[PDB]
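**Q** Fit chains o and p with the ligands to the supplied structure of chain n, relying on the hints for placement.
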Amino acid sequence: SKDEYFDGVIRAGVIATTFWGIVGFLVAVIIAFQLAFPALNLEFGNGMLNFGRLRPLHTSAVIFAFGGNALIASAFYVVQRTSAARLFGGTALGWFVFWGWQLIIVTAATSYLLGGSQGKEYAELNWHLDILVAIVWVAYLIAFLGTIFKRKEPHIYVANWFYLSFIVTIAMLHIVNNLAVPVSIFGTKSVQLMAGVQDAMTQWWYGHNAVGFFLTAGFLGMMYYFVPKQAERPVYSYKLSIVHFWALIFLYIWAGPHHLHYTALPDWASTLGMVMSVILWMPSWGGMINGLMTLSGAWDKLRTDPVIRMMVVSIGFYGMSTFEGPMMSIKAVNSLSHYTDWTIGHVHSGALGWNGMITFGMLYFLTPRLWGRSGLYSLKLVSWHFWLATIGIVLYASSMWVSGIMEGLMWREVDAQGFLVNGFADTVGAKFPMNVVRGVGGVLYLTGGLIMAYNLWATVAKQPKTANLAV
Amino acid sequence: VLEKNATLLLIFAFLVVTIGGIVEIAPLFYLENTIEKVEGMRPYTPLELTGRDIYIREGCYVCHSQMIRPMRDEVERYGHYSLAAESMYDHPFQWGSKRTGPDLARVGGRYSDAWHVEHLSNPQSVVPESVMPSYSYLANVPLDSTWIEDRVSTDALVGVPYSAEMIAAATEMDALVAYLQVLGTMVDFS
Amino acid sequence: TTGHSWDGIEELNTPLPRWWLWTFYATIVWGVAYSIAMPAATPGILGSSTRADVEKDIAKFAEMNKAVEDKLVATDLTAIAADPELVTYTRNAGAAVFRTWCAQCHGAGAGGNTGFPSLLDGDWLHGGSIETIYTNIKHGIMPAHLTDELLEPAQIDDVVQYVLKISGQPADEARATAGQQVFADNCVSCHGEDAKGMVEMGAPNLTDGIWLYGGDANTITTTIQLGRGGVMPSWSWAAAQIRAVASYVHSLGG
Ligand code: HEC
Ligand code: HEC
Ligand code: HEC
Ligand code: HEC
Ligand code: HEC
Ligand SMILES: [Cu+2]
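Quick mapping for you: the protein sequence lines, in order, are chains n, o and p.
Numbered according to PDB author numbering, the first sequence terminates at residue 527, and the numbering increases by one at each position without gaps.
Using PDB author numbering, the letters of the second sequence map in sequence onto residues 9 to 178, 215 to 234.
Using PDB author numbering, the letters of the third sequence map in sequence onto residues 13 to 52, 60 to 160, 174 to 271, 281 to 295.
Chain n extracted, bound-state conformation:
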């Protein structure tokens, strides 16, 4: 039997997705405030709040915990339905992935503030945690790929192409970038296998591809399932799906050196990164086109359905960032952009605008269904959430652009006499209003997250036994 879809894990992951979203974004707001007012840092005593330590916590919680859980819930729900079979690992393998993932985030929460970090971005957790994550991910791929193997229909939905790719590539990236000799039990009590330029390359190959697969590909899978899930029928382009997918999947791995522009990294590598990052523009947009064009005719729905609003706007930000990224990947542009708040602007445009928004919409869609509910408790709240999230994202982006341009310019600016026009401190001071506005925008987005939490909770209350009949 077991004809019914295993909703179990998806339910757990969805709720946790909301929870981690709140935790991660709140850390985001707090650290932002710390940039605005350093007092928020403990003056005497490292303690609980210190920016250097908290920052990676924000990073990991937001990406792996929030984004990660979103990916788990979405992939488990989506693959099951798209292929029409009950999850291959079942409660056992899949639930293991749930608890295991939970353990991973919990360990991050304890470990990071404690000070144990490799110092490698998006890599920060210590080796023991790395082994745990590798194990959980291995289990996760078996469940997912197994689900595909067990499918009913002969064809495999493109959404699964993206999810599947994301799964495999992240595993490879994680293993490779994490090679390190353990000196001690924890924290970064390991030293990376590589050093210098090589370490930088491995790091950014890993680092970009992280957003590339974890944040883009996997989420593209989400978009592929959820955007078309609507009352309106067909409008899409399958051939684009094919071109866009392969081209993206191939091209994206080359993008690593754009991080490294005008650094110690050899010129040839930097160039390869730039060129491929520019080629990357097309496939990435292919995703957005495929998503949006699908809406055509359907647009009237946008006023009606806020979940749709979220998905659509999500693609808007996605395209924007996928455009801005290639531009910043040009050496001349990077010359200005690098080390400035602009990089952050770019990150949150994609993070809040694309990743968060699509996952949000995804959850609003799925959680009622998984919960054995016709719909969310209040649509109005989804709308309010939509607005809060949108203004917050835009405010964040605007502030960062102003700050970033100001910083790059101020840093580079030379006088008539040839001397440096501004002290670094002057640039720092210039940045303050930007820091505050950013703090506010992020705060608003966070509030939207709270509204989501309230709404979801209300809906969650309704029924025990929410097997949703056959499905």
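Errors might be hidden in some of the hints.
Quick list of in silico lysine to any residue cross-link-like pairs, SDA-like style, CA-CA up to 25 Å [claimed, not checked]:
#  : chain 1 : residue 1 : chain 2 : residue 2
1  : n       : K245      : o       : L16
2  : n       : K387      : p       : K85
3  : p       : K85       : o       : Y38
4  : n       : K521      : n       : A95
5  : n       : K206      : p       : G20
6  : n       : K58       : p       : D19
7  : n       : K295      : p       : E22
8  : n       : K387      : p       : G130
9  : n       : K208      : o       : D81
10 : p       : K75       : o       : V83
11 : p       : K79       : o       : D232
12 : o       : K106      : n       : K285
13 : n       : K436      : n       : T515
14 : n       : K208      : o       : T15
15 : o       : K106      : n       : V493
16 : p       : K157      : o       : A122
17 : n       : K285      : n       : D59
18 : n       : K245      : o       : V149
19 : n       : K206      : n       : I86
20 : o       : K12       : n       : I198
21 : n       : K387      : p       : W42
22 : n       : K521      : p       : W42
23 : p       : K157      : p       : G130
24 : n       : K208      : o       : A178
25 : o       : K106      : n       : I86
26 : n       : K208      : o       : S153
Think of the hints as simulated: they come from the structure by calculation, not from any bench.
**A** For chains o and p with the ligands alone, kept in the frame of chain n given last:
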């Protein structure tokens, strides 16, 4: 097609995804420019190595870059643009990604130890406008150096030229200052 | 539309958008062009282009502003402070250079703080002359009496009180007699008697007015106990600029 075939799709994906990594990462292992240390350079002294770990633990990297780009203005501000050879020993590499604070790569003497102590103790005190967090605990905690030998041994395994003699021979604030003082020094003297 | 449905979802067989195609192809073409043009070429740079552009940037900068610096170098530091052409451009830019390099220790104002000298004022530890200031800048930069058996716990207190009297007048009679005697013995050698101080040593005058230095009895006790040990790092490596800065610092007082 290959739409239908799970194994084929998986294999092609793994293959497609691999090319960039093989093309970019692998050749670097082989290239000498990125491998060769500056001639003068030696590995971090045990105090400096410990301090570097502290710099890692604290999260200094999150605000401070250690990579000078080859532009005139940054050369003017920071000093000689960073060279691959400088980072040869760095497991893991410290190059920044963000400059909330200024670039640290070449503070090969720029400030006195005393200044560093006061500043780390309370950045606002020395630089009123600073965003930097206060790190007074550094003064509070002493180093046991139990682990230092293990750390150097591991680094040697990794390729760092520590002598047996170096291992045998080997406050946190002291270590951090020691680390900061070495940065970028290797190139200038050599 | 295509025949197979994936739970609700069906997909249209549609063509790639022409513009999308064009942009994709264009990017590819640009990439090939870039690679041929970059490392594998472009004209303008002999050999092969690289980060080598750095040299060009510096070189053109040098051509453009070499004259200004070169003119200044011939001129003496005193002259470079006076003259608003070089001299005034030397204060604003020297002042420009000052902010970037010096401000973090000596204050944006150049007024200084505890542990760092006030460059604006009249008082100079190493000497106010142009040569002295220049030397301070170019080549960069107090004995622990607590230990020297004789000084001890009490001797230090006494000397501190006496110095505060040289600087002004507090009231402590034991802390005065003893201190006078000690100062004449030891301190006076570097700080002189009546604390004129000696510029050669960088020993500051004890007969000063209220400055940023820890005048308090306790602070004086600490400096006497433990001694000083302050550094002015050399700008000869890091820094022409040193000269303009000397001209600026000199201009600062007057
Ligand atoms: C922190 C590391 C400093 C740097 C950066 C700069 N200065 Fe400095 N300077 C510093 C100290 C602690 C002292 C006092 C040293 C002592 O005798 O205890 C000084 C002294 C000077 C002087 C001499 C002043 C005098 O009384 O004769 C000059 C002229 C001076 N400093 C200039 C100067 C310039 C131009 C700087 C930027 C290039 C600069 N200093 C940086 C500490 C520090
Ligand atoms: C984020 C906020 C940080 C944190 C995590 C660190 N620093 Fe910094 N730092 C920051 C700013 C905005 C500034 C400029 C204002 C100031 O000088 O106080 C600095 C400055 C420094 C400097 C001086 C650099 C220079 O002027 O050449 C140093 C040496 C420095 N910071 C060191 C340092 C260390 C060791 C850190 C980890 C404990 C650290 N910083 C963290 C902002 C931030
Ligand atoms: C020989 C060298 C001596 C000796 C024998 C004494 N002093 Fe000190 N002193 C000396 C120098 C070069 C400096 C400057 C230190 C620095 O700038 O880092 C000082 C400084 C002091 C100060 C501090 C002045 C200030 O607050 O800026 C004091 C209070 C002082 N010296 C006192 C002092 C006393 C009481 C001595 C006899 C016990 C004495 N000095 C001897 C150089 C030298
Ligand atoms: C991926 C999802 C994601 C979400 C959602 C997110 N962030 Fe971040 N955040 C990141 C990443 C990635 C970085 C690291 C950027 C870098 O290393 O350049 C970061 C870094 C930051 C920083 C450090 C900035 C700096 O200059 O060092 C702040 C502040 C911040 N985020 C605030 C926020 C706020 C406020 C929110 C409010 C919702 C938020 N974040 C939500 C991903 C996210
Ligand atoms: C989350 C959504 C997201 C999307 C979508 C995205 N990136 Fe980014 N981008 C990031 C993050 C996170 C960083 C910061 C990495 C770091 O910490 O240095 C970044 C930084 C960058 C930088 C600046 C690196 C530096 O330090 O100067 C470039 C260039 C870049 N990305 C290119 C791209 C390209 C090319 C694409 C797609 C074609 C893209 N981005 C899409 C998240 C994203
Ligand atoms: Cu990237």
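**Q** Taken at face value, is the distance from the CA of n:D59 to the CA of n:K285 at most 25 Å?
**A** Holds. n:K285 to n:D59 sits at ~22 Å (cutoff 25 Å).
**Q** For n:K245 and o:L16, compute the direct alpha-carbon distance and say whether it is at most 25 Å.
**A** Cα-Cα ~40 Å, so violated.
**Q** Does the structure keep n:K436 and n:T515 at a Cα separation of 25 Å or less?
**A** Distance ~13 Å between n:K436 and n:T515 Cα, so the pair holds.
**Q** Are the Cα positions of n:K58 and p:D19 separated by 25 Å at most?
**A** 18 Å, holds
**Q** Is it true that the CA of n:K208 sits at most 25 Å from the CA of o:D81?
**A** Roughly 62 Å between the alpha carbons, so the hint for n:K208 and o:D81 is violated.
**Q** Is p:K157 within 25 Å of o:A122, Cα to Cα?
**A** 20 Å, holds
**Q** Measure nothing beyond the straight line between the CA atoms of o:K106 and n:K285; if it is 25 Å or shorter, mark the hint as holding.
**A** 40 Å, violated
**Q** For the pair we were handed, n:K208 and o:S153, check the Cα-Cα distance against 25 Å.
**A** 61 Å, violated
**Q** Hint check: o:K106 vs n:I86, CA-CA at most 25 Å. Holds or violated?
**A** Roughly 19 Å separates the two Cα atoms, so the pair holds.
**Q** Is the Cα-Cα distance between n:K206 and p:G20 25 Å or less?
**A** 19 Å, holds
**Q** Given the proposed pairing of n:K387 with p:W42, does the C-alpha separation stay at or below 25 Å?
**A** Since the Cα atoms of n:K387 and p:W42 sit roughly 14 Å apart, the hinted pair holds (cutoff 25 Å).
**Q** For a C-alpha distance cap of 25 Å, please report whether n:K206 and n:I86 respect it.
**A** This hinted pair is violated, its Cα atoms lying about 45 Å apart.
Violated hints, listed in ascending order, are 1, 2, 3, 4, 8, 9, 12, 19, 22, 24, 26; each of the other numbered hints is respected by the structure.
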